[PDB]
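Shown next as structure tokens: one chain only, the form deposited without the ligand.
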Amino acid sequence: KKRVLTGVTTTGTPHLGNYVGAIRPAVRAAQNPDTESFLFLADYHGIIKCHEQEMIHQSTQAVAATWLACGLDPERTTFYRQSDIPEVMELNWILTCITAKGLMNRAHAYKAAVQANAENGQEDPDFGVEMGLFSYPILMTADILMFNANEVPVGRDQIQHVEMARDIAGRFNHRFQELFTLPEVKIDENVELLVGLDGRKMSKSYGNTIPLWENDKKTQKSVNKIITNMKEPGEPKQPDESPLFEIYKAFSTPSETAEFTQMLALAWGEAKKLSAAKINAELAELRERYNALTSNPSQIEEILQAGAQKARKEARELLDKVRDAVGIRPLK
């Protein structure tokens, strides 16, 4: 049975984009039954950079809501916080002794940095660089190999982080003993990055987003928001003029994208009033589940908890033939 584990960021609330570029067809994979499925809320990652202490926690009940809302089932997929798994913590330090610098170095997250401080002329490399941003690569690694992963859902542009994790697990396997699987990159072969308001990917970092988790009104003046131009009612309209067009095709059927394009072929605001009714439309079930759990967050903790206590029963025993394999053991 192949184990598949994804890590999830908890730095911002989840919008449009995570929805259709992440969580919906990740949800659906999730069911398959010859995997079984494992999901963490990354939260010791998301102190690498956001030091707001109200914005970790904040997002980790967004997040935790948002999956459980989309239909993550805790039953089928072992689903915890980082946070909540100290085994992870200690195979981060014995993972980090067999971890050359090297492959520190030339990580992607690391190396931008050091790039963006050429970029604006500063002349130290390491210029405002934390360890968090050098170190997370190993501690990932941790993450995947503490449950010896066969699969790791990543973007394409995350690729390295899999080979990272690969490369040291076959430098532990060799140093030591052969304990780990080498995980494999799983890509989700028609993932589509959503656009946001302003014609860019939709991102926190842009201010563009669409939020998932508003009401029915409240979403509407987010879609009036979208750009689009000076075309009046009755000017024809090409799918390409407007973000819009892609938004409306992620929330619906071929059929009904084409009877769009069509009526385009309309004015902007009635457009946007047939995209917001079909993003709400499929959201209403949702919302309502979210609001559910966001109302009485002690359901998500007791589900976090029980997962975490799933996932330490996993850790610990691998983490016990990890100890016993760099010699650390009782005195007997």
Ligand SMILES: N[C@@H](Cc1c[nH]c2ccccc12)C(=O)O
The other form holds:
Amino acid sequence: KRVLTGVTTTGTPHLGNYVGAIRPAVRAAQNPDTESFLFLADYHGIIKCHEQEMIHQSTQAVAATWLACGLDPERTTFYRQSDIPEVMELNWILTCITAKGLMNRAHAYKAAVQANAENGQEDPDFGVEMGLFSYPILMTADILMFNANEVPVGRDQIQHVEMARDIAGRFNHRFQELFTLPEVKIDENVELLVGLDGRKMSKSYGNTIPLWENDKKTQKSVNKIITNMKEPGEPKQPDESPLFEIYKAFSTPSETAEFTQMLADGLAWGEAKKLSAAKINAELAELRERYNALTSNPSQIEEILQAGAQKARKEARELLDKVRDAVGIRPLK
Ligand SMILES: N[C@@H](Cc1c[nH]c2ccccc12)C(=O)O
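Next up, the form deposited with the ligand bound. The previous block was the form deposited without the ligand.
Below is the whole assembly, all chains and molecules, this chain first.
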């Protein structure tokens, strides 16, 4: 039972990525009944992003984040997409059996087209580059290259797996059945983490809390959460500030219940914010020490990534030779 996930290397992870993705995934990859695959989608980074060191810095920070949070490379095959040349070969092969209409309907592309039309732009493809048009095929290669059974994705990403199933089927039928049809994996128990202003925490919203900061900075961050004008003795209900959902994401059911009655008995916001930052700090204190260790010694991350690549390519090449033979690429004998 092979479980496979791609993560972007396009920025530095925040608390929201920790609660909603990283922390659940690290726990979930400990199941001995699954084989665990996680890669950095660094070649997806050049689809749109362009800053010189953005990919390299986000790669180092995303790799250090997952490591610092307990991702075990002895358990998880952990690698950069840019260290698997087989994926790029597979990407061309799948391109040859993918219908253009499938890419016409890819959501990211439909959004670029509608945004031109929302902006009075009568050319639907204005500004569209082929990375945006074709990345669903590369994502399919990322998955099929290792014949993943389950691909843990958000709701947002469900189309992308359904597209891989579509391409896998068409390859299987045109050539031969080499690709298992991958399956979405969704956990309806991960609460997405709210930001400082009530909305879901997201880099594009400017409502994020950094994941890797010292206590005093984590405190100053927490002190920006929207509160209300209730008095240090006034009854505070939990639905009144995002602070409560923040405290909740870092506390047992019992502690949050205690926090509720604490608020209900008239805990001031300054103390509440103070307690929330401490919970966050307490959960993160050790991880933050490992993150600083790794980011200060990146060659340790590079070693781990090379060992991952070595493991990944061995299984990539086993499948690719089958695929190469199925599409007619064969030695002269
Ligand atoms: N496209 C995904 C990341 C990703 C790339 N390739 C993948 C393959 C499998 C799962 C996820 C991925 C995202 O935007 O977050």
